[PDB]
Structures are given as C-alpha cells and as structure tokens.
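The chain that follows stands alone, in the form deposited in one PDB entry, written as structure tokens.
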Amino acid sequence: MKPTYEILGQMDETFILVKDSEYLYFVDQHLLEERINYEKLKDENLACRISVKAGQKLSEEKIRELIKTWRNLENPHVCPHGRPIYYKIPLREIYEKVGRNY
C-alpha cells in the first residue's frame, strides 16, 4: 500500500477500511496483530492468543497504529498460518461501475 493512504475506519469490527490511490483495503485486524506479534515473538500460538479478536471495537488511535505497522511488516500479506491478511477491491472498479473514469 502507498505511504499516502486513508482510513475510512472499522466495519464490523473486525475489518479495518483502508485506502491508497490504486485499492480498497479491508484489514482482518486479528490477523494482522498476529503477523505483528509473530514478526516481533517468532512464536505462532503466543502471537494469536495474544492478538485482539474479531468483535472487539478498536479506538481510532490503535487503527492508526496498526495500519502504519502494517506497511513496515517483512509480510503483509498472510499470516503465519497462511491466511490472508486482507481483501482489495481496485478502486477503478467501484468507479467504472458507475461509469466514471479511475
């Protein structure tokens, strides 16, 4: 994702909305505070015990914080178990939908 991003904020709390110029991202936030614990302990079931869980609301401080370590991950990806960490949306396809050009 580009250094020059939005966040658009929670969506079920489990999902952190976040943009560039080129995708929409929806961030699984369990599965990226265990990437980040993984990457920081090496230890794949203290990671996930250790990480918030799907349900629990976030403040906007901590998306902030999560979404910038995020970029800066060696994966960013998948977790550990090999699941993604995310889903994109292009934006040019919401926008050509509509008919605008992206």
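Numbering follows the first chain given and starts at 1. Rigid core here is just the name for the largest C-alpha set that superposes within 1.5 Å across the two forms. What changes on going to the form deposited in another entry:
Note: rigid core superposed between these two forms; among 59, 75, 45, 56, the CA shift is 2 Å or more only at 45.
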Second form
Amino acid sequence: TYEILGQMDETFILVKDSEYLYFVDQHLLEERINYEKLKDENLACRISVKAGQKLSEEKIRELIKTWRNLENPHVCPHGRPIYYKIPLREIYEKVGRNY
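Could I have the structure of this protein in the form deposited in another entry, to go alongside the form deposited in one PDB entry above?
Shown below: the chain alone.
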C-alpha cells in the first residue's frame, strides 16, 4: 500500500502511498516505536536529536513496516508529528500535470 523512496539528510525517510508523499522523522518514529514497546511517559522527546544517522535499506524497510502497522503512527508520545505529508496532486499540478 506504500513505496519507500529513501533517506534524506540522515533525518527523514521518504515514503509514499497513492495519495501522499510522507517525510517521516526517523527519530520521532523510533521514539514512538520504543514507546509502544515500553510505555515510558517520562522519556525525553527526540525532537532535540540533531545528529543524523545513515540507515541501511533493510533497517529502513523494518522501520517503515513497523510505522505502517503502528496503532499511533501520527505523533510521538509528546504530540510532535512523526511525519509531514504532501498531496501528490500538488506536486503534479506544479509542473502542469493532473493527478
């Protein structure tokens, strides 16, 4: 139901479905995953993590599959959006194509 486009700035993973392009914050995603494993209300939010990390394609595949099966895939436990999404339609329109 989705396609992984790859990593950007060692900070975001780009994934798309039939409607949207998602920029998935890999730090906020790992934060949510570890929270669902271990619901620790008191862990520091990873919005402060600045250094990038190059991920293997296998690790990206595992992270994005986990994300797609998450019960709360939209926001970290602190309420920061895990991703920013863009309608594919917008991208097509900007070069003159209908989607």
